[PDB]
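Shown here is one chain on its own, the form solved without this ligand, set out as structure tokens.
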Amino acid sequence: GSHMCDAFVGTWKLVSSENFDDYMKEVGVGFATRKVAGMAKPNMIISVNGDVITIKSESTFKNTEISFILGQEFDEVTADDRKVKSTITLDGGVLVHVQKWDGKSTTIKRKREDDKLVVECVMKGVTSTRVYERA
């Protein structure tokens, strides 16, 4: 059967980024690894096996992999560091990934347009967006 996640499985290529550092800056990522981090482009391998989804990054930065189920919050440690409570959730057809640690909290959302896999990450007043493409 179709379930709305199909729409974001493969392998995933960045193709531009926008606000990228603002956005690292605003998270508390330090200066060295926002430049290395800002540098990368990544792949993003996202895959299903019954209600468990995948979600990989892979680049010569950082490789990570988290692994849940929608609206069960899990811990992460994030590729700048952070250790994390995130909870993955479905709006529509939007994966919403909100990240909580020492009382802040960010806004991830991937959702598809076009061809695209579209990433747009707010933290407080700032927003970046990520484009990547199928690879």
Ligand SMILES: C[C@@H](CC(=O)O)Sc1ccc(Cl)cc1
Contents of the next structure:
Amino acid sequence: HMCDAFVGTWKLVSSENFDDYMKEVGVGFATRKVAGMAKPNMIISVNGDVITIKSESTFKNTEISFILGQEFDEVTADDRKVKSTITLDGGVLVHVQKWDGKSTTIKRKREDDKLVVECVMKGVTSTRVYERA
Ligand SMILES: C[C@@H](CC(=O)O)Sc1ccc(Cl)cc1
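So that was the form solved without this ligand. Now I'd like the form solved in complex with this ligand, please.
Full assembly next; the chain just shown is listed first.
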């Protein structure tokens, strides 16, 4: 019942600072433009200890499955090959991606009827708000 309030189908409704976040991560111009247009659906499900998070959009479809605290390999939508670990910290899903000596953290939180996604790379944050589909 660890992630009960996260489970479901969620649609992106607002974004702030995402272009700058992608620049900080190292995403190139054309990918930033096309990725920034996308309005993905994020689909979160749980089966036993295994959490699955899918992102589906016109730009890319991604899927990760994982156990909390257990590192895994991920290919991001921008084609980074990263080592990821996802934990629950005080009811917040905290997703750290490591690659090429760099790191970024993505936090996912339930706030009112929204799922808020905060993406941080160095001093640059983007906030992406999802609502139930
Ligand atoms: C958490 C991701 C954003 C989200 O799911 O709303 S971060 C990310 C996504 C796409 C690219 Cl092209 C780069 C980074």
